[PDB]
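Number of protein chains: 4
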Amino acid sequence: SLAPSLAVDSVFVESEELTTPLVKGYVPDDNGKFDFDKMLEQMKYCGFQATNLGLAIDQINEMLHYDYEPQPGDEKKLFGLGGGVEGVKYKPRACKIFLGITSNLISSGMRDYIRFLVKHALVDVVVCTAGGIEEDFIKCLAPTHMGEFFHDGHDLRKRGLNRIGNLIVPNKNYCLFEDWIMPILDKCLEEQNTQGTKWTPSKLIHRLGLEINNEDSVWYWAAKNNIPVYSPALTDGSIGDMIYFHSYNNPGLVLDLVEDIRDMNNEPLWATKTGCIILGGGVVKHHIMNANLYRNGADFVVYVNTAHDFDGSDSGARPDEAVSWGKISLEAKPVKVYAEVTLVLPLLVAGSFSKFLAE
Amino acid sequence: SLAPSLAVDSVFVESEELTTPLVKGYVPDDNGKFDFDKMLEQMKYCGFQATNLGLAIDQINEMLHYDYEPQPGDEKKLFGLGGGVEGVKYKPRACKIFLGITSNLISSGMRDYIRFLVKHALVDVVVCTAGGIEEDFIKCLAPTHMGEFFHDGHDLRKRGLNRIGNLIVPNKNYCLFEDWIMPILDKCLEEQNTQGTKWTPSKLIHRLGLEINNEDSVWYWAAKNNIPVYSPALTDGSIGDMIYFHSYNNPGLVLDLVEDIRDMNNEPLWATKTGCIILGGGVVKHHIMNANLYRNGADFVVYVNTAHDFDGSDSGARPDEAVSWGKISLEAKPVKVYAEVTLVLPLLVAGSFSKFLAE
Amino acid sequence: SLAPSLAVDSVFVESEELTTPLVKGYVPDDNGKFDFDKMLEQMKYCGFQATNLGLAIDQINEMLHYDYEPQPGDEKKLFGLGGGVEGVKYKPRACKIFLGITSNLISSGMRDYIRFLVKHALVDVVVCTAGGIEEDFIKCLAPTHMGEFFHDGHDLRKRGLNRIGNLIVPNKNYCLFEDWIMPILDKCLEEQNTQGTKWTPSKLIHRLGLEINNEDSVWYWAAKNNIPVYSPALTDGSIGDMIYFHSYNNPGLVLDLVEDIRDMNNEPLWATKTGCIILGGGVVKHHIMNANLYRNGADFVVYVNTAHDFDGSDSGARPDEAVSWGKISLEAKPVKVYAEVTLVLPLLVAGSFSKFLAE
Amino acid sequence: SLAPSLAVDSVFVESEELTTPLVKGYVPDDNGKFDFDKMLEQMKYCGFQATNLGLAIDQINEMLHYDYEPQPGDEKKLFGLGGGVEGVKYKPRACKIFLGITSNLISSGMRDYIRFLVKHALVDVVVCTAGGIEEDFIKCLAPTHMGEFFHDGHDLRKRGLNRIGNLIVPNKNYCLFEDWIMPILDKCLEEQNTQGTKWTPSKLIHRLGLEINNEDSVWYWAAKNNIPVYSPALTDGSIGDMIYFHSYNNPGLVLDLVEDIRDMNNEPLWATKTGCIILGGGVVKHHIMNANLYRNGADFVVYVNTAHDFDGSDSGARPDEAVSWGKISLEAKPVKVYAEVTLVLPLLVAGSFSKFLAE
Ligand SMILES: NC(=O)c1ccc[n+]([C@@H]2O[C@H](COP(=O)([O-])OP(=O)(O)OC[C@H]3O[C@@H](n4cnc5c(N)ncnc54)[C@H](O)[C@@H]3O)[C@@H](O)[C@H]2O)c1
Ligand SMILES: NC(=O)c1ccc[n+]([C@@H]2O[C@H](COP(=O)([O-])OP(=O)(O)OC[C@H]3O[C@@H](n4cnc5c(N)ncnc54)[C@H](O)[C@@H]3O)[C@@H](O)[C@H]2O)c1
Ligand SMILES: NC(=O)c1ccc[n+]([C@@H]2O[C@H](COP(=O)([O-])OP(=O)(O)OC[C@H]3O[C@@H](n4cnc5c(N)ncnc54)[C@H](O)[C@@H]3O)[C@@H](O)[C@H]2O)c1
Ligand SMILES: NC(=O)c1ccc[n+]([C@@H]2O[C@H](COP(=O)([O-])OP(=O)(O)OC[C@H]3O[C@@H](n4cnc5c(N)ncnc54)[C@H](O)[C@@H]3O)[C@@H](O)[C@H]2O)c1
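In the order they appear, the protein sequences are chains W, P, A and Y. Convert by adding 1 to the 1-based position in the first sequence; the result is the number in the authors' numbering. Convert by adding 1 to the 1-based position in the second sequence; the result is the number in the authors' numbering. Convert by adding 1 to the 1-based position in the third sequence; the result is the number in the authors' numbering. Convert by adding 1 to the 1-based position in the fourth sequence; the result is the number in the authors' numbering.
These aren't lab readings, by the way, just hints derived from the structure by calculation. Hints are supplied without guarantee of correctness; some may be wrong.
No copy labels: a pair is met if it fits in one copy or bridges any two.
[Unchecked claim] Only pairs whose alpha carbons sit at most 27 Å apart, straight line, appear in this in silico DSSO-like list of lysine-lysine: (1) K90 - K25; (2) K34 - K356; (3) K34 - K92; (4) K90 - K356; (5) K334 - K39; (6) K90 - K334.
Generate the whole structure from the sequences, applying the supplied hints.
Below you can see the structure in the form of structure tokens.
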């Protein structure tokens, strides 16, 4: 017959002519050569989350390269200056950068990428939950092993093997942590009692960083570079266990949240611009983004996480939700990559931080 | 031709005869009648997450009905006794029950289901992040409104409308919270200074529950029933904001984590059995499950959350991972429902808690 | 000191006064009674996906109750008339309804809810992938059993036990299917050869429905009610296996896609309005939504699935994407519930289809 | 006091000493240099999905390098020989390789990586849904543009702009496709009528590949290298639309599934070993894995997809489920990467296919 006219008209509508960029991947070379830099450059034009990874690289580079001319009479406010450690290259920046990491990222090999950022003061403030605090120190005492996601936990428990995803922390590691930290907690309580020291999570994490005295440790580098590290639920993990058992041997330690919320929420107020790089969700994400409401919004933003907004969670909220709160500025152009961080962070570092440090 | 013999042999293997239950849904009645009780009863045999919901109902009923005969010379250790509020039905239990909730569940209408559990002391300890603490009190001052997931946050911010998923909290609600809480913080600091009171998150949440003095509030009922509520990152939210601004008007408040980790981790040690019901992930999940390591494992367990274990997160970890740590006992038969809680909790309550209370 | 003025101004902005509905859950009764109808009624005001479930119930009720006055000279075009089966209640409708289901929903106990809809001609066209076609017939020969998600597949294979999620299909079930279907395929090929019959997936599924001749079967009811069932990849499953082995014993069967794409894409063109209810994603979702482009868009739409749009997949695309294509009309108000269907479909049926049938 | 002895004993259990590999990331160089090869090499030891990506690279390299000594009297059965195109490097292999791709991967820039594999006959059989068939040809006529996930579909439709995730296909592209394909369908129907040609999806896709006659096209290279391409729902997309409208101008085309299920399910039976690389889920995943049941299982397997098994879907099923069916051999060591393919495929190619081609 003749096809229905409504179908013809609906399937074959006219379209606007577009001048936007085109979708195009990197073409691997016909001789087997593989150009990683062209691969990385084309991610922005590959679509779906590869495109968001490219936009996130762009966003971090805007943080690293932001500059301005101070108002008459003002001096320039700079960040990333470092703690003057011999031989360590630092690069001053006009944008202050906050890093949030979930604890499992320190369990993973991302620890080595994060350490690189903190060693060179390429971020200025870190928020990390308690697991990521303690496991950085524990890794200076004993390693975490490769395992598998599907191995019966009954068998692991009978062997004293604690599972974190497809990783294994033998429980002996925590006995070694106990041996290391108990004399430090004794000294901290002695200083509280005799010198009036008022402990908070950030002050304790600074002290533990100096104590571990080991260049393999992220929080050692944070302490050496005077990078504050906040962790308002610092007792939610093995450090909490150590505080628990310590307190029956030596009672009276106080760990205060109030001083640390003053200090955290004041962190974004001096800088001309702030950038936030949030790897994972939960407390570290809300703590950083809420602090940035105090300056009427973060100016540059990257989220990388596996959450989605359909459950109403803070973890899953899009950057757009944070705009409604004032936690992201009205002028920002934020980026979320929907991905597991171990697949993403290495290429983010290659495309932004490392290139910047090489200038 | 003749089909390949390897294909014949591989496609048509013999099978073992099984005596396990059969998959079978509820058959709605041909006249339009719908029997919700038969619907609920058949979930266990429907497959996929409906089956897990049925198993979770079974698991909670095992918590509610667990009983034992004390050893010679011992008395029976009971829970769920309540605070003797007039007219309120309570039901003593030999299993102690921990409830963990993410903050957004209090933003949602799940607040009414959770309030029911706390009012009747059908749970004994709650862990809830700061958002769920404050928004329960705020809802006694002003309501949260229905919105949508896709409404530009630039427009919302210009209108002072804070978005939580598809919900809206007008910022005026937080000004009302400020008016309500500032005199309380003044009094708490006065008691710290003159009576030596040592504030912790759980002690403060108890006090705020009594202060709101309103039967619509979950944490009012927790305080009246002497149900401890822990929240180790209590500053990660609007209460943190209020503490911040209060502290410039009236400095010196201390909010201690150490006493609260002693108290939290001792909560599981008296009971003959413990059950854990964890709605959502993050801090509330780790805090409860880790506490239960101190008794060598929780005995009954239900998780309901939208996370998955592939990212190595604590939120996404299966119950099997907690077994490896000793946080779930070797003899437990735990259940996870992979689902958004607002779709699940009402039917869990119908199938377990409500039926129990009606006995 | 004095708190920073920028922080004061940013945290305490003024807000617009709102007249939108309020978030409010159902309050279970203090004596243990549980009112499922009030539970269901309040889902719309509970937030997150409970709200979307309430909106989806509303959307389906709009399909079931849509009515109009024909233009002068026209008669009213009605659907849901049924096939005149004795004793079966039917309810004519002016909105034509398409149902899409993934194969695993027939493996599950949702088979009983879907059968209810098809028996009463509460939907007019179904699209279902091959697994859901064959397993409906197989369940008339032998049942599917309950199993578990975590049981080593090496052990299951050695026992001839095929796993579908937490369900088990003993391989003997497929040998029984072979015995049942081979004489039918013989007859179909005989009719092709002697009567010129031109087989398509929808024509074959109709024939298999009549052959099974069993009121337990969804596709039996579809055939009796002259509900077309499309499945353009009908060979992607056990029916494909049976066609394969049959063809070496008796070659020449032809199964044509061309006639079936004419017939599928013409299905939406007569009705005054169309509604689409898509349970799961993949082929069934694209096939139905694309067909509705031929009328310039579906008028009412519900999606229920576990996919997300971040991967660019057709499965994960929001209704908004289908609007851009013309597959959903510009005036529609579509609804997606982000959830596993076994947790959702029973309450959708209770709130819409069953209530409608009871009128 | 003294800490409870049960807590001491439970928190500080003894652990087995392990000899398994250690978690360790790549350490970016302190001068800003970034070694992509060491990055890639360390993924296996980074944890979570980076580890699975490393294992997937290993699995593909096992496919590419598998070799064997034929039994006495047999000759070696080889694959990847190519179609003798001048200048194109091919590498014979004893393992036959199946590639499955969802349609959106051809919409994306992954088209360029996939084309590389097909051009060099580094895979032997492809299964791709209809969207990925047509959009490869359409891209030879007009490009796909970059867009965004959040742009109102009402506005896009009024402009004739079809959205695929964050990509845009102007509808004019489909009018150009119509102009290109209608004379081909005319000729195919002429050959059916005058020469008895029996069209199937794979035979049509071969013909369209030769017709486009363009080295930018994946399916051109498949046809030139005699790589069969299966697509049992080939009408589920724009090719289906074109067949629809063509059939009213020129009726009688038949597109048969039966011959194509014989041919697909026979593809795995000759090779000494088979490997399956499945990018995305749905039909392409089931079609390939089910075919491999016919040889009693695939020997090497990589899945990369964003699905999870909790919904019982075929898309979300772990490799372990396919073992239960016999679709994966009992001796295989399969790998799934839980990730969006655009973030994963480039590094899979760099680590396996490209290195292999360079030998
Ligand atoms: N994970 C550990 O190693 C460990 C150890 C001890 C204590 N804990 C405690 O558990 C509690 C909760 O842990 P948490 O705050 O680190 O967050 P979490 O593990 O609850 O994760 C929060 C969300 O962040 C996202 N996320 C997590 N890992 C991701 C990844 N690799 N890639 C992308 N997104 C990811 C996910 O959406 C997840 O749901 C903390 O208080 C922590 O101290 C954790
Ligand atoms: N959400 C709010 O209303 C709000 C308000 C103020 C502050 N905050 C703060 O954000 C921080 C993180 O929030 P959080 O600890 O409540 O958890 P979260 O929002 O980070 O969620 C943790 C994980 O729990 C799961 N989850 C969340 N909601 C779920 C749901 N409805 N159904 C099933 N699973 C769900 C998800 O996997 C999610 O990734 C807290 O410190 C909180 O105080 C939240
Ligand atoms: N699953 C079986 O029982 C079975 C048996 C034989 C053959 N197959 C074949 O596998 C192929 C692919 O299967 P399919 O088309 O049914 O879809 P699928 O299993 O590939 O699912 C497609 C998407 O739909 C969503 N989905 C699936 N189940 C869901 C659920 N319970 N709740 C919410 N969303 C859900 C998910 O996002 C999933 O990724 C088909 O050709 C089918 O014939 C399946
Ligand atoms: N997507 C298009 O461009 C397009 C165009 C026309 C027609 N269609 C039709 O839609 C139907 C369904 O599409 P489909 O079979 O391609 O699969 P799908 O889009 O239904 O995806 C199936 C599952 O595969 C996984 N997946 C999809 N994209 C992924 C990604 N980038 N990374 C990781 N995992 C991913 C996801 O779990 C998804 O649920 C097909 O018949 C197709 O022809 C699609």
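ask   = Against the structure shown, which of the earlier numbered hints fail to hold, in ascending order?
value = 6
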